[PDB]
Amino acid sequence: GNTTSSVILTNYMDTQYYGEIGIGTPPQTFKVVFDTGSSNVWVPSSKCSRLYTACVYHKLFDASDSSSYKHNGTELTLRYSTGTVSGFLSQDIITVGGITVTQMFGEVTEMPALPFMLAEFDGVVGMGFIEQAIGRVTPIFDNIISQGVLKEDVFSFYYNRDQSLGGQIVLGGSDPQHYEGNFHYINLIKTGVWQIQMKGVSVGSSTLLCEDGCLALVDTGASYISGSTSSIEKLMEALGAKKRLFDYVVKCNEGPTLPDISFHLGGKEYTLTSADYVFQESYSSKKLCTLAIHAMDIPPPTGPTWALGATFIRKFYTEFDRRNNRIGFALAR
């Protein structure tokens, strides 16, 4: 119990954060989202048809090039908020920074253009619990915990804004170069999902939303802070933001006039300024600027729930603690 492993992350557009893993012997490299909202590992397969355009423009795992590959073949479908993939289970050695682990993962053969033609990453490394794993496949972090190499049973996420480091995941600890001060932690409501109680969402000093408490999924594979359609409607109305065709917008010049939004988590107020939630692509009075807050109706049993995604994580460096089933936050830098 003396190792940490860091993976540097690419930040694409403040909406996708991904880093690399190896799969096989020798390692084949894939860009992957490290996603606390799910618990399966998958990458696209060389058995993916090239009529799926996503399988032309992403890297494919070729199992016949790996001496450590072991066949399974059980088919599985993974249904995300933004899209669905299906494929078959395989087993091989996965390299994550300085760590290797024998892992069962999906070889995805069905990869629809929506959303995977807008995914700059190849696949997904689920950082959630086995309870949310499709097929009850042991998640990669649980298998890494079994090795007893990690200094602590935690992992941490730094997501940068906007060259610079796009971000960083640390397995086994945290990186104090990327946060100020000390963590305050919020306990999970229950084991099996990275979800915590939230005791209020305030706009300025007035708690408009989640007044009787609500749920917050801390979701490293989500781009935005999200709430239900109803919640976000009220939030946007409070801000003066309007729904342009697909998204909520403000006049770019008016972004700096917008009030702070605070999330009441574990007896602390986690406050984002308008600079933290308005995509200020301009400050022009002649242009419209979108917000990094979207409606997302997450179905039961996980939802209805808020999701604290990359927008939140940018502001607050986040440690996911499996030893204690809690989530730590500190101010990112």
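For the two forms, the rigid core is made up of the largest set of C-alpha atoms that agree within 1.5 Å on superposition. Numbering follows the first chain given and starts at 1. Compared with the form deposited in another entry:
- Among the candidates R244, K190, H71, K151, displacement between these two forms reaches 2 angstroms at the C-alpha for one position only, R244 (superposition on the rigid core).
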Second form
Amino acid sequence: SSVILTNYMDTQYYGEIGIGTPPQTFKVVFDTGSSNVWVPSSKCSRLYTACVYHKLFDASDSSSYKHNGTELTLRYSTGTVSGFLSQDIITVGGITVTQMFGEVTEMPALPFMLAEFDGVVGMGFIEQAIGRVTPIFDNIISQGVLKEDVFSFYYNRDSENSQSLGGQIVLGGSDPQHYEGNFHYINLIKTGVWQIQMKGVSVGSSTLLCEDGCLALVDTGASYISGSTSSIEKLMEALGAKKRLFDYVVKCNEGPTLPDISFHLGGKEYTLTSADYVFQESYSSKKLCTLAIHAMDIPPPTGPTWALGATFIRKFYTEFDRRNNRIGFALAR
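Alt. form deposited in another entry, vs. the form deposited in one PDB entry above:
Only a single chain is listed, so you will not see partners or other molecules.
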């Protein structure tokens, strides 16, 4: 099965899923960076404005709902959500699985008021599941209907005309329609995390970063490519970028000229051009231009690690192989 994804300003990729009977729909981000499923709850006080602006699942309208109520708190690098567990049938572009998800009752205005999506579907391993809840992919695999134990991601570039698909996620394989050349796999450092060994990072012709090696987290639920506060400060100085509050800007006229940034993974340089990582929204020297790379200190046991999010996936079609515990990359088409 494949799921059409909507691309919102190149920073948010989501698709639809139905929960309960009759189906209650939600826009969700398929996150290889987390392992739980959650959507806003009707029990969420309207004092939480974010709940006022998103779809809320109502248990009392689902004849297939199974109560549980165990509390859970999900913690992401850029925000937190809290609530309790519930069970019901979830629809994912064809497949139907009885999933255990979290009904969020605390959805902070900042940042969720900025979210176009309603919730999250974790595509990570159970080792990272909060509350030891079985991840949705594990369940789908159990059904034994998928052609292969893998899922692929395709994140298209932004578009000013609602006629091109913002992205697509395939359950059980890849879609040749969106990649060229062959994949090039890398082995997961440790199973339970979509993290691989990254040999080095280069900014132009001078591998000034991640020498000696470092970690790379392939996060479909993250907007940009991130690095330790240290690594980024050093990468950003090399680009002549200034550090703002939430991002790094560069004078727009200097954006097209910026150097390439390469990530050495499994022996193959994945190169990104300035056009690939800069939000060139102007050419004025009197305007600032946001870079699609941020600084995000990810704690143990996962970090310190770089995070390859949407900025990286837009250029490289990614396939997550559960059966071989490996990640594959191919030129996105």
